Amino acid sequence: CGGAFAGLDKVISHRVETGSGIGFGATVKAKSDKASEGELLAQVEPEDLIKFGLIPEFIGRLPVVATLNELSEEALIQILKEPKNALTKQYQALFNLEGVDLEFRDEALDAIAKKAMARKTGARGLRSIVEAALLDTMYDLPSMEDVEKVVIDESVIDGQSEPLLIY
Amino acid sequence: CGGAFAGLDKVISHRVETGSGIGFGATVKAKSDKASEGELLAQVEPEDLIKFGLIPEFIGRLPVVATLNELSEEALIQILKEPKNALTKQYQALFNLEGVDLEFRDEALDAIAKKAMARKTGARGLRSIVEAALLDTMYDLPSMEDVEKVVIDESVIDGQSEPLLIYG
Amino acid sequence: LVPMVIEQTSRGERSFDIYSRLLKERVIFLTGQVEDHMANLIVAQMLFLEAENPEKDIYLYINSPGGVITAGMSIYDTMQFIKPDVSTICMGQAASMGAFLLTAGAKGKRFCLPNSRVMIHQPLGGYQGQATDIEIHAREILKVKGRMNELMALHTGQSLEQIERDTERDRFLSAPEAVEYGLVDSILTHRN
Amino acid sequence: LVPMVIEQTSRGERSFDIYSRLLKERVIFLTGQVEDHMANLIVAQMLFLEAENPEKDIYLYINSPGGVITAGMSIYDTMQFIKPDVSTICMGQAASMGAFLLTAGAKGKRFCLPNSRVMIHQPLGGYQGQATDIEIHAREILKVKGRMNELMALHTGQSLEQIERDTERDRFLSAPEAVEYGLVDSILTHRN
Amino acid sequence: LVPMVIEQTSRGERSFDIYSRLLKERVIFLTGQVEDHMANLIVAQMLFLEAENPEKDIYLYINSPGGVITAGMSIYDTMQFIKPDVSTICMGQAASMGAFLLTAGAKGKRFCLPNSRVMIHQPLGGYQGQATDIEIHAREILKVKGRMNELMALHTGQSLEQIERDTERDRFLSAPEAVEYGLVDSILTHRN
Amino acid sequence: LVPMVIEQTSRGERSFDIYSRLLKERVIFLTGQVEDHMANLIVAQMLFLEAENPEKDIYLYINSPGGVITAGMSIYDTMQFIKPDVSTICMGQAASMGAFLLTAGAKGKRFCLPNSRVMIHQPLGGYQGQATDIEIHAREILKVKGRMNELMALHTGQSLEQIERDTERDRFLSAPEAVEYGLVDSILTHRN
Amino acid sequence: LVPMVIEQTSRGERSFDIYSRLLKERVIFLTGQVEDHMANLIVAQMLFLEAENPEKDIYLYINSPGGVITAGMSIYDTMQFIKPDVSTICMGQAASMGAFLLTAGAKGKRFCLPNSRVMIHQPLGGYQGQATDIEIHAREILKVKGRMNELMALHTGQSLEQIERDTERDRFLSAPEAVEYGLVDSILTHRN
Amino acid sequence: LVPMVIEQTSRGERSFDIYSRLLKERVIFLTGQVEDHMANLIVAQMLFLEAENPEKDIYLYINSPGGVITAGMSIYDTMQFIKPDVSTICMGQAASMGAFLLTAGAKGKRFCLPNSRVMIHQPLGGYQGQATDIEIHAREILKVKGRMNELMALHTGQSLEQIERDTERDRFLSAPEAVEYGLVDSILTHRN
Amino acid sequence: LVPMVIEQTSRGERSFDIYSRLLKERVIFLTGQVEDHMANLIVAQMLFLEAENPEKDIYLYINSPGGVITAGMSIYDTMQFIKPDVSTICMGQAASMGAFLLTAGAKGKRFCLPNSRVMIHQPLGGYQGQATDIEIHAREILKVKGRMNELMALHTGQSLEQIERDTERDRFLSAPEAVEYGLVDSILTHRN
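Chains as they are written, first to last, in the deposited numbering: chain E, 247 to 413; chain D, 247 to 414; chain L, 2 to 193; chain K, 2 to 193; chain J, 2 to 193; chain I, 2 to 193; chain H, 2 to 193; chain N, 2 to 193; chain M, 2 to 193.
Simulated from the structure, these hints should not be mistaken for lab results. Hints may contain errors.
[As the list claims (entries may be wrong)] 27 Å max Cα-Cα, derived DSSO-like pairs, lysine-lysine:
#1 M/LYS57 x N/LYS84
#2 M/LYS57 x E/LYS275
#3 E/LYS277 x M/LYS57
#4 D/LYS277 x L/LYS25
#5 E/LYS297 x D/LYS360
#6 L/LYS144 x D/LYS275
Just chain E, with the same shape it has in the complex:
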């Protein structure tokens, strides 16, 4: 069983990150400097899930627990180059049938990562940034002839310039 738990971190944070009263005599615990979503879920426990709404019996059937660290900016760049299922490799093969080469420089990938985190959509909504830029290029690619390479610079992402085509 797996799934995202919205609002859970708040429940765990309130329980784990506090040992203080509001009065004069009660000591004040200094904690929770950073959100630490990845490091906070690691400190989860079954009792924390009971407050969320799960039943203790259901949790007993699932003793093992796994905490998935969130995505980072540099992590997105690795996702587009190392795995075979990277979108860069998908579009690269999309143009391979047409006898045309494709390129993706680091100057464009690092800029795309900033767009994604700004959108708060994650890696799933990363295609919208790519396809939005290669729309006009793809639209007039079949009719174009004698073209062997296409380069996408950082300016192309902003939209000021157009991708450089080599004949």
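Once you've looked at the hints, dock chains D, L, K, J, I, H, N and M against the given chain E.
Chains D, L, K, J, I, H, N and M alone, transformed into the frame defined by chain E:
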């Protein structure tokens, strides 16, 4: 018929505490005399179940009632040694096919009992304490060679140290 | 106007007034003159905390220029009746009746701020009517003065003769002098 | 301002005022002067508790300097009419009418705080007009004075002659003297 | 302040004020002076109960020193117009207008507390202006006095001549005398 | 204070004030003196009922000692403008302006309680200043007096000459006389 | 007190005050004296309706004895600035400033009730101080009087000379005369 | 009373007061006299909008006869400190302090209604006591007058000598004259 | 009136008052005279923020003409007791007690607006009675004056002799002079 009735302790407490105690005369023991869940189930009766939702006609067909106590630190240690189907013996056989021995010292069992009671899950919440500790060890155990015995110390459960490995 | 705060809980978000939020942590505020309405309100707060937990210390912050005596004695008897230790703190000023509830707190859990000020004097009164009635009201207020001095000595530890001489007229006591006088236990200068 | 509290129940969380929370536990507060509005409010509280449970004791805390007589007699007749035993406690002060409702509580369930004070005197009145009208209002207030002394003797157990002499002028009674006088049963010094 | 109560119902939990809870049980409170605003509020309550159930008895508790005459007559005509029997109870005091609404209740469902008191007198008024205008307002108030005595005799059963002599000046009537006078039917000493 | 009621509906339970509940049934209350604020509130109520249903009769209960004329004329024009028949009832009293709105109701749907009273007089005013300004305000109030008598005759059916003589000074009219005078149609003694 | 109404909508049931319900239909109420607070409230209402719909006519009902001039001119400039046609209606009375906002409505969408009354006069003021300061405040109020007459002529269509003679002293205008004077367009006698 | 409005949103329906709705659109109202409480309320509104969005223009509508100087200067310094351009509009009137905050707005985003009026004079004060203390308070108010003239010249563009002569006594400036004087940028006659 | 705002959060929409919204960001407002009620309210805000986060800076905006001394000293001791650095800002004016809390802020986090003004003088008091009592109250106020000068030197860095001479009479200090005097650290002219 058998099922863990959740929330049955709250209804029984009203019948046995007998008072809110916001007044001058009424006595107030919030935590000193707080009812124990184990003892409380012993004092159950059919009228208590009607408030829970059961029908009297249904309870009349089941006159006998059996109340079970919660696990204790001492009881958890015996569960890992006396029963043949204990989790300790399970992992012992898991590595026997691999040609490796397994051991569990008493110092580690006492620490596991305290961690399990805090989870409020019972015997079923014990595998989380074991598999979470031996995750790293199991992940790289097959690749290792000439390893014939493994020892798990109390520190291993705490996470400060790693489980000592023996070489044949 | 009273500011509203949000208490983040596992069940959900709840909106509370600033005075109610502190009440959840066994904290009561004594502000302004001590009257029958304000005194009867604090009594209900103490009783509510008694039922919730009889083993946790209660904190009473006092900033008041005093007021009616009969309204204040209802609070004093309540603090002694209930089991929890009622911690007292003096903020700004503590007049005759405000000082009596301050010293009446649990021994060892009484504090005064470094710049706080305590004032003590004798009971005030008056009457207009026949001479027979003036003698009655005079005997009654005399008993209160004697009764208030007896209890003041019990918590402060001083002798009854000393309290009688010091309470003949207004007497201001700084925060350091209150410790030496047995009225309080220590001063909460900084948070350690 | 009135602080708000949370009553944790199985159904869910509910927000209550401090006065409403105690009302749920058969506790009523009598504060300030006794008037037609304040008196008519307490009567509705007693009736509401009677229907909810007629076998549980009600607790009435009184801290009042007295007031109108007719407003107070409505409460006395109500306490005697209903079946539940209305326990009375004196906090701070109990004047002429506050004392009458105090002693009117159920026998054996009347208490007075260690520092409480009770005061009793005769009814007050006045009129301006023709001599024929003054005689009428004088006969009426005389009947009330006689009627108030008869009931005081019934609950206190003293003789009617003794109440007449003691109520001619203001008479203050300390907490110990009230027990000896039959006005109350005991004192709630500490919680045992 | 008005305390809040919880009415446990099958649909769910609901929070009600003490006055609104009793209204659900066909109970209305008449407190303080009778004026145009307070009188117009009670009339709406009676009509609301008539539509909900025309066969259940209504209970009207009266504790008032009287007031405007025109404001009170609107209530009297309403009680007689509607079909349900308006039961009346006297708590504390019942002045000239409070007594007229008390006796106007349904026969056999009128009660007076053991210590209640009723007072009756003639209408009060006054005017300043020309002699021609004084004669007009004098004739009008004279008709009301005659009209109020005629209706008083109808419900009390006494003769018009007796009411005229007894209402010439203020006349106080204790609870036992009211039964003998036909104003009420019995006394609710205890709950049987 | 206003009591709260529960209107049981198929959708669910809803809480309403006593005045708002009657508004749902096309009932408006006119209480106290007629002023610009109270008058402007009733106009919004009439318009709201017009939109909800233009074919259902409206009931207007009036209990008022009168007030400003200009505030009352805004209500009169509204009742005549809208299509629904505005039924009027007099409870307690109906002064000069209250009587004009009473008789202005729809013919055949005007009632007066058995003990109600109506009073009519001439408009009241005054001014302080130069003689030229007094003449202007005098001519204006004279037109209103003439205009108010013309409309009174239109609904009452009497002649303009008769209204002028009867309105020269204060004139009180009992409930039976109002029927004979054409001011109302019948009396709602009992519910048949 | 303000009655609450229920607006049946597809989403669900919602409770609204009588004044807020009419605001939803582009209706604003101008009641009482015109001041800085009451004037600033109506301006916010007009802007809110402009954003919701800039092509629907707005209706402004005026019942006011007038007030401050500067407070009223803020409303006049707002009505002319916004695109929607602000329809004006006179209920009860329209004084100097109330008449200026009445005539300032959109041409062809101005109405007056059959019994309404309009009054116009010159600006009022005063000052106490040195002669140099009196001359300054006198010149300022003179400009306003000239400015108020210029705008009155623009909407009424009359000449500036006529407005000067008619506004020298108080001048009352009946509903028929207002139409003949160009102040309004028609009269809303009945609903057709 | 404040009317309630409904803001239709995709998530659902929400109820807002008329003043709070405009606050959502970066609009603040300055009504009545400028005091410490009213001034401190506007400051919190500006800061709240700064955190939500520091790049959107704020609109401040001013209709005030002026007041305390120190209360007004807190708003002026706040407008200059925050990054957003505070647009100012004059509705009805703008006195000495209201005029200073008007011209202190962002250049090019200052407007005045066609019939608005601005007034400027020197600071007012007074003191009673020893001659030594009068000299101190006199030197202080002189610095403020000099400081207020320096800033007025900075935003209006006029010379410091001109502001000193024009502010010696009360000076009224019409809407056209304010543009020529550099106090404002344009006039919002109609909506284009 | 206080405008309401909506704080957009992931869980949902919540409605907050303008003062409570800023409180969430560790911002407290000190407006008007310093009294026992207003001072006790600010103390609860500081304690609430301490528990929520003890490492985040608190911001205190002060606009006050001063007031009671005992009420102000409760705030000063609290700011020094808690661990967080209480940043202070002067808006409009800062009198004797307002200036003491201003300089009492954390070193390096004290600011004054470009047009703000600070005023300092000696404590004010008075008494009426016997000569023996005047000597007691005179010695007490002398200690406060000495104590207030000692602390002023500690935070301002000046010598005790200089503060005594400068505080003998009222002394106004402009914003630039306050920096040179050690009272503040810098000026928040613009946002960088």
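Taking the hints in turn, this is what the structure says about them:
1. M/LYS57 x N/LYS84: Given pair M/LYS57, N/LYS84 holds - Cα atoms ~24 Å apart, limit 27 Å.
2. M/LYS57 x E/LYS275: Status holds; Cα separation ~13 Å.
3. E/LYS277 x M/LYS57: holds (11 Å)
4. D/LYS277 x L/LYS25: Holds, at roughly 17 Å.
5. E/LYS297 x D/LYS360: holds (21 Å)
6. L/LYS144 x D/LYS275: violated (38 Å)
The structure is inconsistent with hint 6 alone, although it conforms to all the rest.
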